Amino acid sequence: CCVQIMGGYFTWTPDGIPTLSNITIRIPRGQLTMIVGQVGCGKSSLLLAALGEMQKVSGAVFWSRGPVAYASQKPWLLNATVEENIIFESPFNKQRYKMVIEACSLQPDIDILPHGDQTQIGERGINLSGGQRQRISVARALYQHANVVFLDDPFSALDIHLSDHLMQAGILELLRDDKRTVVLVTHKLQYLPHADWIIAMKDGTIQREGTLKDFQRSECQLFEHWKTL
Amino acid sequence: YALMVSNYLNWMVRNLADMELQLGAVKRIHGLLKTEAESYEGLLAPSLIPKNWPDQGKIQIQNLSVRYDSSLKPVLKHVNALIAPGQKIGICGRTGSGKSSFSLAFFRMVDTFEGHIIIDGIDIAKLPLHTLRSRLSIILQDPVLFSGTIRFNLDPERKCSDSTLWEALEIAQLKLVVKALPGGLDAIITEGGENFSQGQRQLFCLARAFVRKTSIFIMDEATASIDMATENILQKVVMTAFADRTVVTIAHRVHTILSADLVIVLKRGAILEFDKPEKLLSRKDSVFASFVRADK
Ligand SMILES: Nc1ncnc2c1ncn2[C@@H]1O[C@H](COP(=O)(O)OP(=O)(O)OP(=O)(O)O)[C@@H](O)[C@H]1O
Ligand SMILES: Nc1ncnc2c1ncn2[C@@H]1O[C@H](COP(=O)(O)OP(=O)(O)O)[C@@H](O)[C@H]1O
Ligand SMILES: [Mg+2]
Ligand SMILES: [Mg+2]
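Residue numbers (UniProt numbering), protein chains in the order written: chain A, 677 to 740, 766 to 930; chain B, 1286 to 1581.
Take the hints with a grain of salt, since some may be wrong.
Heads up, simulated EDC-like pairs for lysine to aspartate or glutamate below, C-alpha to C-alpha not over 16 Å straight-line [what the hints assert, rightly or not]: (1) A:928 <-> B:1512; (2) A:775 <-> B:1396; (3) A:903 <-> B:1354; (4) B:1581 <-> B:1558; (5) A:775 <-> B:1529; (6) B:1362 <-> B:1396; (7) A:889 <-> B:1580; (8) B:1581 <-> A:904; (9) B:1362 <-> B:1399; (10) A:928 <-> B:1580; (11) B:1373 <-> B:1529; (12) A:903 <-> A:878; (13) A:775 <-> B:1546; (14) B:1581 <-> A:865; (15) B:1464 <-> A:904; (16) A:732 <-> A:818; (17) B:1521 <-> B:1546; (18) A:889 <-> B:1399.
For the record, the hints were derived by calculation from the structure and aren't laboratory data.
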């Protein structure tokens, strides 16, 4: 019932080809959904478009906008304290703070920092591995407390240890929140039985949606998802 | 002349101040002109080195003990490995084990205080670093691009053929995409790659490495950004097209390492029972068994 599109048409530049054409979207509130597809297929573009970013050629986009939490497809950061960019101008909550951190399991990496939590990081601050970068980006939306939370490829950098720990702890905490709708995308399909709603697209066009019954109708797509098993 | 002074004396002072600023800036640049020794010249003869030198690509490391700077603790130590032509061997593990470090152990990116590596016939301690990295290759974990065109993005020089360019695009599964692009591998990659996706840019980097006919090189979990379908197709195509080549594979996806000849597992600062994949998975005793079972 929440944010959705009827016959969406989207494009980066109005002079070129329309990026998205006839896309129809639906995410239920308080639901964990995933969007998968090919590389370059058009999965982040639809999302940025849903964030008012992409020039829509046509389509209608209904909301509830909200201060939607966000983590870009590549990690970004501010030139300020670990605590600073993690807080992102929010009422500091020791409980929520350490909860988010232990969700991202960043504590060992915070101990190794010269000033730990109050370590100035960034293009001005000190450099660090893109793994920490990704975990911090995720923490940005986690501690964000936002109703509609959003993630883009939070798993690319992390290995399976941190991916499992993060998704379990943090995502299970999000779904543990009352109605904190959280939307993401992934490159691995193992948590697809852990998704509630699913969006499948390829080459800039949606293909399918629906958790269990709507999947089983595909032998092809589901054998593809079964290539890894 | 008193009027003259009353006029120009104040300009004299103000220009003294402004030039003081400017010369402080010049001194800043100059204090930066002081630079550290990079040691490009290696203590080995280029005449002793043949042209197509890294022919076999057999690699034997032993007690290889590295560290980024002298102050930091050793990040990888007491490691030994004889690597045959071994068309495809694998290295994997959890984060921080130093696998990217060991990847950079070849190109002497790291201080390697103890131990040594032998590329067929010779150590690493004597090559010219330019010659060193000129005849090898690597695929960085992160994709980094160049503002320009596919000609310039792949070929800094021009000493290549469009045939081979399209070949590298194809074997990386890019040519199919590029066909849709109006440039003809002549479009413009803008500001490090803000036109294409993460995985797109990673693919470009893979292909760029692939431009080199080198038969020995390495990859740093290049497939992390890549989805599963292209992962399978790409790893297959590269194994086939590089059936002769000797590639060392970092894999953030063990499902990709299940195919290599040898599997190399790093726990903290060394290997734990590097072996063929079948033996390690059927023994179950290695932690790579758990790595492949948590995925399934
Ligand atoms: N900033 C941009 N400007 C113009 N075109 C873009 C931009 N980003 C991506 N594109 C194009 O739009 C298409 C869709 O890309 P999208 O943003 O969905 O990346 P993605 O597929 O989500 O990322 P990944 O490939 O890692 O899943 C791609 O083919 C790409 O060439
Ligand atoms: N530029 C650097 N400076 C100091 N230490 C580094 C640097 N890069 C990596 N390290 C250290 O090396 C270890 C492993 O590095 P790396 O191989 O890049 O990561 P991984 O093992 O996950 O591939 C980490 O524990 C990290 O602390
Ligand atoms: Mg994207
Ligand atoms: Mg690494």
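Cross-check of the supplied hints:
| no. | hint | in the structure |
| --- | --- | --- |
| 1 | A:928 <-> B:1512 | 12 Å, holds |
| 2 | A:775 <-> B:1396 | 30 Å, violated |
| 3 | A:903 <-> B:1354 | 46 Å, violated |
| 4 | B:1581 <-> B:1558 | 21 Å, violated |
| 5 | A:775 <-> B:1529 | 35 Å, violated |
| 6 | B:1362 <-> B:1396 | 12 Å, holds |
| 7 | A:889 <-> B:1580 | 10 Å, holds |
| 8 | B:1581 <-> A:904 | 28 Å, violated |
| 9 | B:1362 <-> B:1399 | 8 Å, holds |
| 10 | A:928 <-> B:1580 | 13 Å, holds |
| 11 | B:1373 <-> B:1529 | 9 Å, holds |
| 12 | A:903 <-> A:878 | 32 Å, violated |
| 13 | A:775 <-> B:1546 | 33 Å, violated |
| 14 | B:1581 <-> A:865 | 14 Å, holds |
| 15 | B:1464 <-> A:904 | 14 Å, holds |
| 16 | A:732 <-> A:818 | 42 Å, violated |
| 17 | B:1521 <-> B:1546 | 14 Å, holds |
| 18 | A:889 <-> B:1399 | 39 Å, violated |
Violated hints, listed in ascending order, are 2, 3, 4, 5, 8, 12, 13, 16 and 18; each of the other numbered hints is respected by the structure.
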